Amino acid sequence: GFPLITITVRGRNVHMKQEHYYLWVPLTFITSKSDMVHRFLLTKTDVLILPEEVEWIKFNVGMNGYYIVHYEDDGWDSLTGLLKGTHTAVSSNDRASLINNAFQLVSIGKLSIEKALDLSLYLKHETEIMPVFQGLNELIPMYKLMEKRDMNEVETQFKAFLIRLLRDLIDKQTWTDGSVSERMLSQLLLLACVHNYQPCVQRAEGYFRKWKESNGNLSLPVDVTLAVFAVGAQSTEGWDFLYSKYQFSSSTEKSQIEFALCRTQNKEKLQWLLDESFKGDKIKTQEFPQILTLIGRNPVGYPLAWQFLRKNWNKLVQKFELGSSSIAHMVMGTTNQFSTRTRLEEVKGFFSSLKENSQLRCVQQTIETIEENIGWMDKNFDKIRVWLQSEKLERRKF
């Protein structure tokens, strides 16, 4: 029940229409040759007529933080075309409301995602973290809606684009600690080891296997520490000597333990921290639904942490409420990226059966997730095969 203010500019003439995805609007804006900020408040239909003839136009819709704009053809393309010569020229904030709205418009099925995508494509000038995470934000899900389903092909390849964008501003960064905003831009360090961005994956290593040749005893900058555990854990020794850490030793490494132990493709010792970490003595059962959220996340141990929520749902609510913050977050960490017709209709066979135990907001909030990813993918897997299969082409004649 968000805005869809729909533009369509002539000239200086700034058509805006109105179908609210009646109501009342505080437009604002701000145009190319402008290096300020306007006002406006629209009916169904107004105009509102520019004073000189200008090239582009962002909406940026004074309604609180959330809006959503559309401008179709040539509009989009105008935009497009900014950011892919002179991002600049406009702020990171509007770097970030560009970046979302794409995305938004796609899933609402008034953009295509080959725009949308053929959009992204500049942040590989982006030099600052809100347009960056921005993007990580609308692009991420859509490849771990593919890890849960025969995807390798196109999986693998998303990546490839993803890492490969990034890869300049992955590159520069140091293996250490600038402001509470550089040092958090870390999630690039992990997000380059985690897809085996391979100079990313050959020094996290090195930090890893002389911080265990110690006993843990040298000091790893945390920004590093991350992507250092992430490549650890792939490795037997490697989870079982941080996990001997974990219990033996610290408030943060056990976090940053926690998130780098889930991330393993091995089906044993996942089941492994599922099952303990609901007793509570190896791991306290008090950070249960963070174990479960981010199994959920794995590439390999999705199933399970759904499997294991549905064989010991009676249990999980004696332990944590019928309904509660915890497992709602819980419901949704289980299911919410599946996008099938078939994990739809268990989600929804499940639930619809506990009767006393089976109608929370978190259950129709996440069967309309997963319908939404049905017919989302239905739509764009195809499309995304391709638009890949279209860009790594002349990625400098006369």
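In this text, the rigid core denotes the largest set of C-alpha atoms whose superposition between the two forms falls within 1.5 Å. Numbering follows the first chain given and starts at 1. Compared with the form deposited in another entry:
- Just one of the listed positions, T369, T340, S352, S34, moves its Cα by at least 2 Å between these two forms when the rigid core is held fixed, and it is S34.
- Taking the rigid core as fixed, one finds a CA shift for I384 smaller than 2 Å between these two forms.
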Contents of the next structure:
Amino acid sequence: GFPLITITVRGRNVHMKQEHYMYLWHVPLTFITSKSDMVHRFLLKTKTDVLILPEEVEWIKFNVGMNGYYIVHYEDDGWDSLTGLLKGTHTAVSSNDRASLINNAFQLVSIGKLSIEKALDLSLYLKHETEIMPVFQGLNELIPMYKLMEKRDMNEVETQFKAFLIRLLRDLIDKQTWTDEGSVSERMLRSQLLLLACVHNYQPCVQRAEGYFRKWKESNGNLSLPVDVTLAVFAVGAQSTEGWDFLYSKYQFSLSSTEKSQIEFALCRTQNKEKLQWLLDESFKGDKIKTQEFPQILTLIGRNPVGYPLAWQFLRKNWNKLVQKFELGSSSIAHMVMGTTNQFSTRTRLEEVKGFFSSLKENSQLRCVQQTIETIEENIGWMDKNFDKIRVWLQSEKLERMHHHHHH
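What would the structure be for the form deposited in another entry, given that what you showed me was the form deposited in one PDB entry?
A single chain, with no partners or molecules, comes next.
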């Protein structure tokens, strides 16, 4: 793994600890503070050391001058100080600094040094966030949590989780234009935001999506849709049979591969089980859809909240043919093993997976089988510890917005 730096503030005394998480080096640290101007530097040569600030401070923010991944942990007191800072003047640290805070808080939950409650409390600052990185870093931590819940019996918490997500980003979603203007960033922010809104059934997005789809479809796809809006439009269009079939017709006749890829995604997101089975059957066959696309499709259906048992079944039933087609040690096979199983989080699923792959003999030894089993094992541990916590944190924050003592 990687360097983990623990920062502890004791009045004007800053204590710094280094460890390699998962022995010692000269850690080049930088930091600013609520009093600071510029960036201060400190070379940490020992296990722990202390520097002295000229004045007590309200928050401190460290970086490590290195390429690659590391974590800075500030402990309960320091994580609250940074939380208050992000909720008060988030721009006091840079766009990349805020993505780091988000990433590190949540990874510190998997590690067990920060509670999920504190990390979720940090995530609430996002309601003021506007920059792509912290936003996408937010999505990168939070989505995996409900992907896990989608494969269990947790409909009530999952929907409360998803509405929490949409609430964080709702103002930013309402600000987007349904156009192609802006920088590379703004177009990508737009495009992924509108999609996310529609996947979670945020009505103003969904209904504007349905209107664009209808207009596109009535034109025989002759009207040009803005490109940044098309995944969202396609994804809602594909929710009905008429629109799915229409979209499937166009996939056939299209000579634009970014269209074909957009449509491919939209077709895989339907709730209709017979369509999902068809996509798998036809892509596997290789004539209506290229078999080249099959590992991608299997994976996308593996992630559909309703297609996930079809994907793991299909992989198990057709294994000998999938191997003939793609080859045992291929990246295609590893991608497929991982995308149909790495979001399971129960012992039963784990025994299923171990059962199936240990029953293959010299067809069992693949490293992707060990790596999915590891991740499932982490999933089990993370969900058993955190699900009840998240459940109570969500109901308790929905209650507090209705009434809280600050309302007096």
